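> Each chain, written out:
There are 2 protein chains.
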Amino acid sequence: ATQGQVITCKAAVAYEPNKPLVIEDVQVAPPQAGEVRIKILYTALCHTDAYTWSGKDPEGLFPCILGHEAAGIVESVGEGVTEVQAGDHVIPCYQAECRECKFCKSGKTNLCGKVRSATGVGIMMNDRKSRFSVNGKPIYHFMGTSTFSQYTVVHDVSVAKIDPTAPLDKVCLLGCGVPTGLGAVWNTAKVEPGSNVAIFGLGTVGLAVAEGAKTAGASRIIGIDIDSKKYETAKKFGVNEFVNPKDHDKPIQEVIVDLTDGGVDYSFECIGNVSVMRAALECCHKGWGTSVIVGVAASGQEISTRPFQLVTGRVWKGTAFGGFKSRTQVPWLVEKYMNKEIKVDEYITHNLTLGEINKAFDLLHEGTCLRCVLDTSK
Amino acid sequence: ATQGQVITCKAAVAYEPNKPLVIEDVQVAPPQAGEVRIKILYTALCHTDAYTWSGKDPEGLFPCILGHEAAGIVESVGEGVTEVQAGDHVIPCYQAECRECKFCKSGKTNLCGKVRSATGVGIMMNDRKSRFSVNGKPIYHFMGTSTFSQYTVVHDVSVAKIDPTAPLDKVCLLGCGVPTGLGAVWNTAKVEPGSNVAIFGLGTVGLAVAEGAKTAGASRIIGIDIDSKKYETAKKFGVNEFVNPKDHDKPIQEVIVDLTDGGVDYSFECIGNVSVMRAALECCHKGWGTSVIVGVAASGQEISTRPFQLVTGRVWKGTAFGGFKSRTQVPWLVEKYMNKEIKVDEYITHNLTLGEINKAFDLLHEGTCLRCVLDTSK
Ligand SMILES: NC(=O)c1ccc[n+]([C@@H]2O[C@H](COP(=O)([O-])OP(=O)(O)OC[C@H]3O[C@@H](n4cnc5c(N)ncnc54)[C@H](O)[C@@H]3O)[C@@H](O)[C@H]2O)c1
Ligand SMILES: NC(=O)c1ccc[n+]([C@@H]2O[C@H](COP(=O)([O-])OP(=O)(O)OC[C@H]3O[C@@H](n4cnc5c(N)ncnc54)[C@H](O)[C@@H]3O)[C@@H](O)[C@H]2O)c1
Ligand SMILES: [Zn+2]
Ligand SMILES: [Zn+2]
Ligand SMILES: [Zn+2]
Ligand SMILES: [Zn+2]
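Chains U and W are the protein sequences, given in the same order.
Taking our numbering, the leading residue of the first sequence gets 11, the next gets one more, and so forth.
Taking our numbering, the leading residue of the second sequence gets 11, the next gets one more, and so forth.
Next up, chain U with everything else stripped away, as it sits in the complex:
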């Protein structure tokens, strides 16, 4: 009977970079003002988690509970919370939507800064402390989500309330990769019917770009990956031509320009590699081509190109969560999934349990793997 009480539950704790997560019992404090305590039923993992786990993220902060892609059920809410209540089905999101800041009220972006000063340093806004502990010492939150746990506490501005019949072992992916890819196409680029598109990197994000392009009515949807086995899988997501840059001595941008008689209308970089980001811009058609950076580069890395590439009409842009407003639009994407208008299930290549989370980290180095989903009950 949990309202207002500390909850003791299982969670995967990362104590040190690049070592195995240990599954412990942890204490989850109750939600203060503006906060929501969530029973997490299913959580996926992705490169973003492993980046921090690996020690490579200069923002990383150990020990922490990682995880940002999940779906669950609200256990309780703190004072003032009105948009969700106990028993609501929810997707916690790493990107907030407070609806009250200069960014939210602007109408020109989805990038809300309301809680980022707490969440970027693994704590809560209300008291600037953590809600997680083991043996009475604090464990940092991660991305404002911390979903590698049976229970988490998040800010109310980061909770999307969803269709209560949607399957929670599928819609956990609607918190990260899938909306990023779809939205890079529909919101950031605004791809028109008949456009030709190049997609660099055919993982989950690239594949969501491909589905978003197919749905928007693109013609040629050219996939580029250094692993040729990715093409067969990518076909069902709408990729219809494939190039492996290893199969050519010329730089990949030149190859794509020759293949398309001038370059593509839109390109999307879905890797996080600055050299490939430059190639993606340079394979765009002059006059009107646009390149959207979706990949997240490591610290200190820079993109470059020649000014003439922009002067002759190419446009360079990028996307954060596909340009979607998380609380307002994640529930819309869940609706679309329930109506069979967007794919989600096809991206889930493995199902494990939270107990087996280190095995899921190994699975990240398998080229076949797109998303792993974890059942947190074991």
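Think of the hints as simulated: they come from the structure by calculation, not from any bench.
One copy or two, it doesn't matter: identical chains are merged, so the pair holds either way.
Under the rule of at most 30 Å between Cα atoms (straight-line distance), these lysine-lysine pairs were calculated in the DSS-like manner:
no.	residue 1	residue 2
1	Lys260	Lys224
2	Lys124	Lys139
3	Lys49	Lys346
4	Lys171	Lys296
5	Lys224	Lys171
Given chain U, work out where chain W with the ligands should sit, using these hints.
Relative to chain U, chain W with the ligands alone:
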């Protein structure tokens, strides 16, 4: 009457890089199919001319008649030419508008390909020879215009027909820097009323961006220049705040972010320096800020930034001629000038003659000089 005849007239010839131009009598042959022979009355000089003159082009062609900003009076036309005729007042343009090629049919007439195989190597399409010679030896065309001459011959798709009452010693500017600046605002960026703008470089182009932005209804129009005495004339064009980067220890981008509590809505680089291009991007506001590189720089260098600047909502663009279609829209700009809706006179700080053209090249380093206009009659 000179129609059908070779004309002999004064021109300034560049025999090789870096030497003084030679004010010679040259022979200008009559126009062939699709060509127009123009009596040039006034011509200005800009950096683009100096770039080739100084040898700073991989391989310019010498000897040549430089010059691309001019106005005059058609002397005769070749076979097939219908849009202009003898006695028409005209502005020859380095940007063609053929209306018939793949680029023109999409709208991007600034990529028109009709005559560039000839103009790019200093000759005419009809016979792949030049129309200029001295003592029987060929002198190459430049930028398809060659305006440092009493008479020139250009392709009809490069000729704008203008209001015959407009002053030729003023509208000679409306073929290059002024449209590029105005058009960077109105066409490339599409600046909205109330926008905050930063403009890097307050020469002719930056002043044209300022006026564009003023006319478009911008609020803060912040000019940045290393020469503080550029601000005085800038205020007449609409600049209403000024920063000299030399007055600050922090890089300029940070100073502009601090001045505007986050960044401007639009920035414009009007210099051609890749490190200022980066600063112009990095001083744009998170979420929506857009930076335009204004004009072909010919720097031969790379622009760089961290891809986070684009992931978090900044957009990078550029423009060659402000998005304007030369033949259709240069005459519209002349009408706007005639109706006092844009300035042209205030750019002209110096008046010399074609005889004195080498003194005009000296002025290109003069802080005080914006455009110098040359009267070709002596
Ligand atoms: N902008 C955002 O909001 C946002 C949100 C989520 C994820 N991401 C980013 O998107 C990226 C993709 O994540 P994912 O889960 O699909 O990753 P993933 O690892 O499943 O896929 C990466 C793909 O890129 C391919 N690849 C690697 N190097 C390559 C190269 N040089 N040329 C061509 N292909 C290459 C791999 O073979 C793999 O198929 C990551 O950078 C991640 O940070 C961004
Ligand atoms: N295609 C070419 O060959 C070529 C070469 C160079 C420049 N250009 C074009 O020249 C155009 C500008 O022409 P203009 O006639 O206005 O030039 P201009 O020389 O009259 O003006 C340039 C202004 O920038 C200022 N400036 C220089 N360095 C600076 C810095 N680091 N920070 C801030 N201010 C600085 C100078 O003081 C000057 O006022 C640009 O559009 C550029 O694209 C073309
Ligand atoms: Zn993720
Ligand atoms: Zn907000
Ligand atoms: Zn010029
Ligand atoms: Zn054309």
